[PDB]
Structure formats: structure tokens, C-alpha cells
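K.L.:
The residues making up each chain are set out below.
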Amino acid sequence: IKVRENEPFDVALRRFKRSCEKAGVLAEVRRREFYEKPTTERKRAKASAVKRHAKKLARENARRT
Amino acid sequence: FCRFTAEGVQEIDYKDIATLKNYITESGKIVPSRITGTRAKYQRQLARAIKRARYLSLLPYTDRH
Amino acid sequence: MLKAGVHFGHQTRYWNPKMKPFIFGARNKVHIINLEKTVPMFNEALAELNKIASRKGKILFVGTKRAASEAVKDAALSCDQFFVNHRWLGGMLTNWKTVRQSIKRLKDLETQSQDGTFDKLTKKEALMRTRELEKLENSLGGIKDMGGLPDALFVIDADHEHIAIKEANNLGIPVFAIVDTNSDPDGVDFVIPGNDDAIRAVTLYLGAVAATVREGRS
Amino acid sequence: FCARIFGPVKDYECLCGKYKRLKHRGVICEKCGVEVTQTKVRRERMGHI
Amino acid sequence: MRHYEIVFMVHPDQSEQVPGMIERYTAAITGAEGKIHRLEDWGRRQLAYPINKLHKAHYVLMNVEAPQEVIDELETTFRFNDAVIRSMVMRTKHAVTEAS
Amino acid sequence: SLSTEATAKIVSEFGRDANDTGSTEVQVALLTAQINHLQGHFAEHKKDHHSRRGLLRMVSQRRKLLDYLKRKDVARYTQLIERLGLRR
Amino acid sequence: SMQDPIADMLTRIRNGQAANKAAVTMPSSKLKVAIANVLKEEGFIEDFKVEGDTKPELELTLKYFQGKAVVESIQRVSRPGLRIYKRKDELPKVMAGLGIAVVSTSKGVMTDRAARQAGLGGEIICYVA
RNA sequence: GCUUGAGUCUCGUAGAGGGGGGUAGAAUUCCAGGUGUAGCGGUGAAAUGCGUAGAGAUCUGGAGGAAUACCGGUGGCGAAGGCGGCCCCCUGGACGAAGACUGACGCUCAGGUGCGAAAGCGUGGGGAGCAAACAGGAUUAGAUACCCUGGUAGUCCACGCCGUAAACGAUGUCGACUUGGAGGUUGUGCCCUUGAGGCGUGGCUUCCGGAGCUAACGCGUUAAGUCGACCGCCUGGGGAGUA
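Same order as they appear, the protein sequences are chains X, U, E, 04, I, R and K. Quick note, the first sequence lines up with residues 4 to 68 if you use PDB author numbering. Quick note, the second sequence lines up with residues 10 to 74 if you use PDB author numbering. Quick note, the third sequence lines up with residues 9 to 226 if you use PDB author numbering. Quick note, the fourth sequence lines up with residues 57 to 105 if you use PDB author numbering. Quick note, the fifth sequence lines up with residues 1 to 100 if you use PDB author numbering. Quick note, the sixth sequence lines up with residues 1 to 88 if you use PDB author numbering. Quick note, the seventh sequence lines up with residues 1 to 129 if you use PDB author numbering.
In case anyone wonders, no lab produced these hints; they're calculated from the structure. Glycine included, each C-beta is placed from N, C-alpha and C at the ideal position. Don't take each hint at face value.
[Said to hold, decoys possible] In the DSS-like style, the derived pairs of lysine-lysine whose C-alpha atoms are separated by at most 27 Å in a straight line are: (1) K56 (chain I) <-> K30 (chain U); (2) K87 (chain 04) <-> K76 (chain 04); (3) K60 (chain U) <-> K5 (chain X); (4) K79 (chain 04) <-> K59 (chain X); (5) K37 (chain E) <-> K76 (chain 04); (6) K20 (chain X) <-> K30 (chain U); (7) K56 (chain I) <-> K5 (chain X); (8) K9 (chain R) <-> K93 (chain I); (9) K79 (chain 04) <-> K37 (chain E); (10) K81 (chain E) <-> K79 (chain 04); (11) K53 (chain I) <-> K5 (chain X); (12) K28 (chain E) <-> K68 (chain K); (13) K79 (chain 04) <-> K73 (chain E); (14) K40 (chain K) <-> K174 (chain E); (15) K87 (chain 04) <-> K58 (chain X); (16) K132 (chain E) <-> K143 (chain E); (17) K50 (chain U) <-> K93 (chain I); (18) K96 (chain 04) <-> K76 (chain 04); (19) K73 (chain E) <-> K45 (chain E); (20) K70 (chain R) <-> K9 (chain R); (21) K68 (chain K) <-> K59 (chain E); (22) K26 (chain E) <-> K55 (chain K); (23) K74 (chain 04) <-> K59 (chain X).
[Unchecked claim] Beta-carbon label-pair distances, calculated as ranges: (24) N31 (chain U) <-> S12 (chain R): 50 to 58 Å; (25) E44 (chain E) <-> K30 (chain K): 36 to 44 Å; (26) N19 (chain R) <-> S29 (chain K): 27 to 35 Å.
Modelling step: build the complete structure from the supplied sequences, incorporating the hints.
P.N.:
Here it is, written out as C-alpha cells:
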């Protein structure tokens with residue numbers, strides 16, 4: 004939200020901004036709500052997130068080349 | 010892995026904020042359940058603590074206006 | 009002493025025990041395998057392994073496992089028996105009616121590197137004739153001199169050489185396979201569970217079988 | 057204080073803590089050929105110059 | 001009969017004329033059959049975010065066992081008091097004594 | 001909601017013991033006492049359509065154990081509805 | 001609710017094979033005892049026990065032979081919805097003589113062959129082969 | 001007459017389940033006041049429109065109407081449909097540890113009754129954002145389509161009517177039986193819960209597979225597998241799910 008750092012910068016540095024939320028408000032307020040997307044993307048999204056872990060366990064078995 | 014909502018028995022009230030200023034980000038946000046490893050149930054129970062802290066002005070909605 | 013120190017194996021819980029029956033899987037941290045049914049089930053094992061040995065059954069030793077692959081060459085080459093210690097070629101016991109022609113390939117190239125085309129050609133091509141020899145030899149060598157098909161089959165892993173088991177069943181050959189509680193126990197002559205992925209397992213397994221060969225050839 | 061030249065930091069325990077179980081008591085890493093073994097054997101493990 | 005963790009904040013203006021009301025409110029619980037678990041007066045602790053006008057309100061805790069029909073009249077009084085700006089209660093069965 | 005303070009008393013009156021609650025004159029009066037106190041719920045606010053299947057449940061089950069007391073003891077059946085009053 | 005007790009029995013017998021066990025329990029009755037005692041008399045099932053004081057726990061001991069199930073193809077005839085009343089002449093002979101049919105006769109539950117010995121019938125319980 | 005079926009009681013558990021009302025924070029449109037520019041919106045490009053009668057933007061204050069962020073989890077509730085802030089009043093369904101009982105009191109079902117998102121209409125309120133009808137600039141051989149600037153029914157709430165759907169893991173409901181694992185969510189019993197563990201017992205749901213079935217893809221303890229009970233429906237498409 005607000006970064007200060009007295010005078011050892013000489014740069015804008017939007018570090019804590021992007022560390023707090025920053026864009027997380029814009030992504031939801033720019034276009035129409037669309038009553039459907041939540042359902043959709045909450046599900047699809049996390050399902051694929053679980054696949055990476057599943058990938059971790061299934062990629063180390065053989066691979067003998 | 011914390012002795013908060015596993016060994017810390019019986020709902021953690023928001024009165025002792027000397028621990029809740031560790032759960033909120035220095036602004037007013039909440040730290041995901043995938044960051045500070047706690048069971049989703051009590052992250053909602055801590056969500057009840059932070060919610061009433063926002064209703065009794067101990068933990069605001071955000072840092073400043 | 010309790011076979012290779014402890015032949016009831018080990019198998020970590022993802023041991024998915026359909027096999028549950030065949031082992032009454034006792035556990036030790038990681039878990040384990042088949043206490044009872046493995047210890048007693050090996051005396052009667054060397055019994056069948058003894059009879060079809062005297063009636064000349066040609067006992068093949070199959071182990072595609074990189075580590076105990078030489079224990080396969082031990083129990084097989086030290087006697088006269090045959091083996092398969094490398095990459096299981098798809099069809100060396102089901103398309104063998106064409107791999108016998110591959111033996112014609114293997115056995116005559118041995119001849120060509122000897123007195124045939126050993127230096128009657130450009131050096132540039134010579135190199136390749138020899139090279140290929142090594143590759144098809146390390147896996148086909150233990151079947152090259154057979155005068156038919158095997159009857160006794162000592163398959164080590166089932167978790168990896170399941171097709172080695174399946175293609176032998178293309179002719180119905182009895183399989184003496186040491187397996188697991190998450191392997192392929194269905195379709196054997198004798199599943200002798202417990203550990204089947206330990207260097208000393210194959211040490212006293214094949215040692216206790218190499219001795220049985222030294223008797224069945226009389 | 058090397059794993060390959062002398063021996064396992066701890067008993068059958070890798071320094072990176074990759075290998076743990078007893079069944080892999082001889083496995084050699086394609087990179088670091090370090091056989092996990094009893095630290096007592098790390099009295100017999102001599103090195104050279 | 002019922003547990004209600006009544007936490008309330010009054011004005012730093014009433015920071016001195018409220019302890020007298022502390023006598024009022026809990027004496028009313030005495031006149032309505034009820035025991036108090038933790039009577040506390042911390043002071044005028046600094047608020048989180050300014051509540052419409054001023055920052056830093058005067059917090060006072062009670063956490064009292066009283067009928068719901070009594071705390072109903074009570075929260076009404078809080079909400080209809082120029083001191084209290086915010087005052088909320090929790091649910092029954094559980095009670096505290098630490099609050100620190 | 002059928003308070004516990006009343007349930008243990010109905011089983012205390014109608015039932016011949018503190019805990020012999022698996023009998024006819026108990027489960028009926030108990031469920032009847034649920035309705036008798038449920039007045040306050042289906043009188044005010046009215047639009048509880050999901051709570052309607054809850055009603056469906058308990059009222060019909062009540063008519064099921066009465067459905068059995070009828071085939072057994074008609075003397076106690078007319079007596080049960082006579083003491084408490086659960087026919088009307 | 002598990003509308004047919006014999007179904008609850010033969011299902012546990014069919015899939016008792018689909019599980020390949022050696023002992024299967026189920027609610028017992030004078031009837032099931034009868035059927036299993038005849039299944040024993042032949043060589044379908046092995047020794048059954050009525051172990052149970054007032055609660056008869058019908059415990060069977062499945063029987064195999066060569067390494068194959070003797071009770072291989074089995075199900076019910078007298079469905080609770082369709083009760084098939086058969087006489088003596090129009091009696092069903094499973095497998096032209098390689099399987100039998102348990103029948104509750106005017107004398108009781110026994111093989112259809114023993115029902116012929118009596119010369120009377122009616123309720124043909126189930127086909128067991 | 002007796003219980004392994006159904007169900008009730010004693011003691012408890014989590015939530016977008018619902019109905020009626022209220023509250024909190026902040027914001028788009030609009031209005032006014034302090035400052036100030038000649039541009040703003042938007043598109044592949046362009047433009048109608050607005051503006052020097054000081055817009056857009058910025059700060060503070062205010063009246064309406066409507067919607068619930070991070071936490072969020074092929075997770076939860078339910079017959080289905082559908083539904084996310086919180087509190088207050090009331091209540092139900094699902095499930096479980098250890099026991100006491102009635103003793104098959106159970107399941108389903110044409111005509112029928114009830115629930116029925118959304119939308120249209122009759123009535124009393126209603127209008128910020130958006131949007132059928134319509135107008136205008138254009139890509140184009142044309143625009144009553146994709147874009148944009150406005151705007152009415154409507155969107156919201158309550159009382160009724162039509163009683164309609166992809167009202168679809170497209171798989172009706174109930175009970176029993178048939179090798180498992182990684183998981184997610186919600187309880188409990190036992191052991192040194194000394195610690196975020198181990199071994200059993202139920203509901204819901206996803207994926208990989210065995211027995212089995214199928215045209216095949218694949219379903220697979222929530223089955224398209226094996227039986228019994230109950231109900232609706234089909235006999236090539238079009239005509240037409242229409243008069």
C-alpha cells in the first residue's frame with residue numbers, strides 16, 4: 004500500500020506495493036461480474052494446481068535413458 | 010506447523026492481538042492458509058476472530074484510508 | 009538365518025495388498041510382506057524345482073534388474089544353464105520363431121569376427137560389426153544355445169518384467185517368481201513373495217537353486 | 057570431510073538427506089558415487105594424496 | 001443464564017464518567033440475576049481505524065452471564081448511549097477470564 | 001425444537017420409566033410435543049419451505065407408530081389421544 | 001430392504017466366489033440351514049455351523065476342488081415377486097444332469113431328485129450348480 | 001412372539017440450507033463548493049456524442065437502488081432447483097460414540113398434491129451499472145449483426161398465474177453383495193493425543209484399474225457389475241414433439 008524508505012533508493016521501487024496486493028483489486032473491478040466465472044475458474048484452476056504435485060510423484064519412477 | 014490451532018486448545022480469541030498482528034499483513038489483509046500452515050477449518054475460525062476484530066476495531070479492514 | 013537375513017521382505021504400505029491374502033503382511037515401520045507363507049513356502053519350492061530339474065526342464069533365469077543381473081549370469085553360466093540378464097526384447101519367447109533366425113544372426117557374426125569378415129572390409133565398417141555384437145549378445149546370450157524352449161522359469165522381478173511372465177504364458181511355461189504385495193501374482197507356477205529386489209536375496213536364492221541344478225543334471 | 061572420498065555423514069544418512077531406507081544400502085548416485093554405510097566403517101575408509 | 005462476551009468502546013470524552021456507569025451496568029446484572037466473569041478497564045486504547053470522528057476510543061470489557069432478554073435491553077442501551085459507538089456480544093456455552 | 005427439559009418429563013409421565021423410551025406412547029407424544037411447541041415456527045415469518053420437509057418427516061413418522069398401536073392395543077390408542085390429545 | 005433372504009444368501013455365495021473366500025456369514029433360518037445342509041449332502045458347500053445362541057449366525061465354509069469353484073453358476077428361481085409352482089413332471093433339471101435344483105416340497109427342502117423319490121413338489125427354491 | 005430392516009430418545013458437530021428485519025465498509029451515476037487543462041471515450045482504423053454555458057480527473061460531504069473481496073477448498077447443504085460478509089428470532093436435514101425399546105410399524109407408485117431457477121403479465125414502490133423496441137457513425141455490394149454513445153420492459157421485494165429447461169456425473173429410487181491407493185471435507189473409539197501420528201468405523205465426490213459389461217470410448221464400492229421390488233418410456237428419420 005505505502006512504501007517510504009527515507010533516502011537510500013534513487014528509485015521508484017514498487018516492491019511492497021506488489022507485495023501487498025496492488026493489482027488484486029483491479030483484476031476484479033474493471034469488467035462485468037459475470038455470475039458464472041467463480042464456479043468455473045475456482046474449480047478448473049485448483050484442479051490443475053493439484054496436478055503439479057501429482058506430477059512430482061509420477062515422474063521419478065522409471066525414466067531410465 | 011504451529012502450536013496455535015492444533016495444540017492451542019479452544020478457539021483463539023481476537024482480544025490478544027500480540028499474535029493476530031502475525032496473521033494479518035501489516036495492512037489489513039489475511040495471510041492465506043497455504044502460507045501460514047493451519048487447517049482450513051481454524052483458518053476460518055481465525056477468520057471469525059479477525060472478522061470480529063474488524064467489527065470492534067482491533068484489526069481494521071485496511072491500514073489507512 | 010531367516011533366509012537372506014529376513015526374506016519376508018519389507019514393502020512400504022503403498023504395497024496395495026490385494027495380495028493381502030498371500031502374506032498376512034506383518035509390518036515394520038515401512039511395512040513388510042509375508043512372514044509365514046514365505047518361509048515355509050520355499051522348502052516345497054526347491055521340491056518342484058528339483059523334480060522338473062531332473063527331467064531336464066532347462067531352467068531360464070530372468071532378471072532385467074541392473075544390480076542382480078550378474079547373479080543371473082552366476083547361477084546360469086557357472087553351471088551350463090541359460091539366462092536373460094538384460095533389456096527384455098519384445099518377442100524373444102513368442103516371436104522366437106524369428107529370433108531363432110536372430111540366433112543365426114548372432115551365432116554367425118561371432119563367426120565373422122573370428123575367421124569371416126574380420127578385416128576383409130574397410131576398417132570404418134568393421135567397428136560397427138563388432139559393436140552391434142555386444143548389444144544383442146548381452147541379452148540374447150542365454151538362449152542362443154538352447155535346443156527348444158524352457159520349462160523352469162526363475163523370474164526375479166514381476167514389478168518390471170511382467171511381460172517376461174506374460175510372454176512365457178504364450179506357451180504355458182511354469183513360473184517360479186519371487187514377488188510382491190503390489191506385483192502380478194496371478195498366473196504363476198509358484199509365487200514365492202518376500203523381497204525380490206535385494207542383492208543378498210538373489211545370493212542365497214540362486215545359491216539355493218544353483219545347488220539344485222548341480223543335481224538335476226544327473 | 058567428503059562423502060565419496062571418505063564416507064556417509066551419518067549412518068546410511070545422506071548429507072542432502074536424500075537416501076534414508078536400509079534397502080538402498082549400496083545405491084550409487086550417478087553424480088556422487090557415495091554408498092550409504094555405517095559410520096563405523098568410516099574408520100576403515102582411507103583416502104589418498 | 002446465557003454467556004455473552006460484551007466488549008464495548010465509549011468516547012474518550014466519557015473516559016471519566018463511564019466507570020460510574022460500570023457501576024450501573026453490572027449492578028443491573030445483579031438486579032437481573034447474573035454473575036460477571038471478568039470486570040476490566042484497560043484505558044483509552046488507540047483504535048485500529050478512525051470511527052467517523054475520533055481515533056483512540058475507551059475500551060472496557062465485561063464478559064457476563066446474564067439472560068438474553070437482558071443483554072438485549074443492554075445492547076439497546078449501549079446503542080442508545082452517546083458514549084458507546086460500538087458494542088457487540090458473542091454466543092453462549094464458552095467463557096473466558098484471561099482476555100490478555 | 002422439543003426441549004430436553006420437557007422430553008425427559010413426557011417420558012417420565014407417559015413412559016413407565018426414566019429410560020424406556022422405545023415404546024409407542026412415548027415416541028408419539030414426543031413428536032406430538034415437537035409440533036405443539038413448533039407452533040411458534042410455522043406461525044410467524046411463514047415462508048420456511050425447506051422447514052416444511054422437516055415437518056413432513058416428524059408428523060408422518062408419528063402417524064406410523066400410531067399406525068401400529070392401532071393394530072395392537074386400541075385401548076391405549078384411544079387412551080393416548082385421550083390424555084395428551086394428539087388426534088386433533 | 002434386501003427383499004429376499006435367499007437372494008442375500010446366493011448373492012453372498014456368487015460374489016462369495018467373486019471374493020474367493022473360505023468362510024461367509026449371513027442371517028440364518030430354518031430354511032437356509034435346510035438348503036445349506038443339502039448343499040453339503042452333495043458337495044457344493046463344506047460344513048456349515050449354526051454358531052449362535054438366540055441369534056443363528058449361518059457360517060458357511062466355501063468348497064473348491066481341482067482349484068475351481070463347485071458352486072460356479074447359481075441364482076434363484078422362486079423370486080418373491082414371481083413364485084414358480086412346479087409339479088414333478090415339468091421339473092427343471094439344471095445342466096441336463098450336471099446341476100440340481102433345491103426345492104421346498106410337501107415334505108421339506110431337499111434335492112429335486114429326492115423330491116422325485118417322494119413324488120411331490122411345488123416351491124422350487126433355487127438353481128445351484 | 002423374537003431380531004441382524006425402518007425409526008425414536010439420551011449427549012454433541014460443521015455450513016453459500018431457508019424465511020422476516022436490521023447493520024458495517026466502500027463505490028459507479030448525479031448535485032454543490034476549492035484547483036485546473038484543452039482535450040475525453042474507444043477501436044484493427046474511424047466516428048456520432050461531450051466540451052470554453054469550463055467536461056474527464058482530484059478532495060470532502062449527501063440522497064437512492066443493487067451487489068458481497070483476500071480466506072475459496074470437481075469443498076458444503078438439498079428430492080430437485082438453487083444458493084457465498086455478519087448478527088438477531090425460529091427451525092430442519094445429514095452423521096457419530098456407548099446403550100435402552102416398539103418388534104418388518106418398510107419401499108414405490110397412473111389420476112392427484114406440493115416445490116419449481118429464469119422470464120412475461122395484473123398491483124403497490126422502483127431506477128445507479130446494463131440492456132429487448134429505436135436512432136446515429138461505419139467494416140461492407142446493403143445493416144434493422146460483432147463495436148460505441150443514450151435509452152423503455154426488465155434486473156430487485158411481496159401476493160397469484162403459465163407449471164417450462166442441458167430441471168444432465170445426460171445414468172430414477174431403496175436394500176444387499178463384490179480385491180485398493182493418492183486426495184479433499186466433517187466426527188468418534190483405543191494406545192505414552194508425550195507433538196500437527198498409527199489401526200478400525202459412516203455420508204458425499206474426482207481420477208487411475210480388477211472381476212464384469214459394451215459397438216467402442218470407458219463406468220468401475222457414488223458402477224454402464226450381479227439380483228429382487230416399484231414407476232415412466234421406445235419400435236427408422238422427416239412430418240412434429242406441431243394443429
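K.L.:
So which hints don't hold here, by number, going up?
P.N.:
14, 22
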